[PDB]
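There is one chain below, alone, in structure tokens, taken in the form deposited in one PDB entry.
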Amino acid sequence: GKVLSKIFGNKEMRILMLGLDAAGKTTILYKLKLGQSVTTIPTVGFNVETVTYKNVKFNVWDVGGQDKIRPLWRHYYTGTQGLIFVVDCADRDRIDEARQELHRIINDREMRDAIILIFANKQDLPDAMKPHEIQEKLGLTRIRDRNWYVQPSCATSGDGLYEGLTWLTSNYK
């Protein structure tokens, strides 16, 4: 509200918020009070949520699906200026799949200039990977071509969310 109003203002931005299922995307939106959305289903089993806030638009969907739906993802790339990629830091077994999904998205032709915010989510859970190991595990340390940042978060209690969004808004072009 007053916080979102100060961070976003009347700024115009097109943002994707992606991550594997269970990473914490729905919780992040509920915590920011972005309770309403519009669902589109471009093919059975592929659900997209779109949230508008003033001159901001988010598109949100789970990655990690069937390979055959990957062509449909690029319908959402044109004009996208910010990618928010949400990672469950307690799920050590799927970090390599999250790495491969991320690099698949940012290597698309139409995604060459989006900056990358990582939410390193679920920092409160037993033996969650820390921001600095997430940097290495997601292969970010080797990305020299663009600006990126890893924000530790606990989406259930709201920690790190406003800090992450302040990075994104201050760095987007």
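Numbering follows the first chain given and starts at 1. For clarity, a rigid core is taken as the largest C-alpha set superposing within 1.5 Å between two forms. Compared with the form deposited in another entry:
In this overlay on the rigid core, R74 has a C-alpha that sits 2 Å or more away from its partner position between the two forms. With a cut-off of 2 Å and the rigid core superposed, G65 has a Cα displacement that reaches or exceeds the cut-off between the two forms.
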Contents of the next structure:
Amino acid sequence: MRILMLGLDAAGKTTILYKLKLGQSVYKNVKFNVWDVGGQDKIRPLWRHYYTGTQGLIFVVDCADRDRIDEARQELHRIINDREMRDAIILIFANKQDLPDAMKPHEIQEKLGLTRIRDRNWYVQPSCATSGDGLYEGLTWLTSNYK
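Right, the form deposited in one PDB entry is done, so what does the form deposited in another entry look like?
The following holds one chain only.
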């Protein structure tokens, strides 16, 4: 399965990738690409990325970062609307659930406008990337929904 992992900078993408790696004993067919979106995107606004071949999207959100949730919402909807992304299965990692007063998954659903995503499979997984909680649960949802 070809999975794209996106999120604003500091969402926890690097941490999830190293923690998922640490969980493997000492998902063989999963391929991952990863980059930052939003104001700290290396390419926007002068060029677009290309999303060819993407089967699954993992969108990582810092749930304690209310100041940037609107920017995360705008990036998510812009990406999923690209021609090459119209069939992509969407996993949202609602990251940093360990932090006091972090936004819970139902608030994430509302703040990301997920209810307006029709004719496409999506799921919100609560996670704490530093402890590894919810990471395999999210990756299992994504890969099982792909089959």
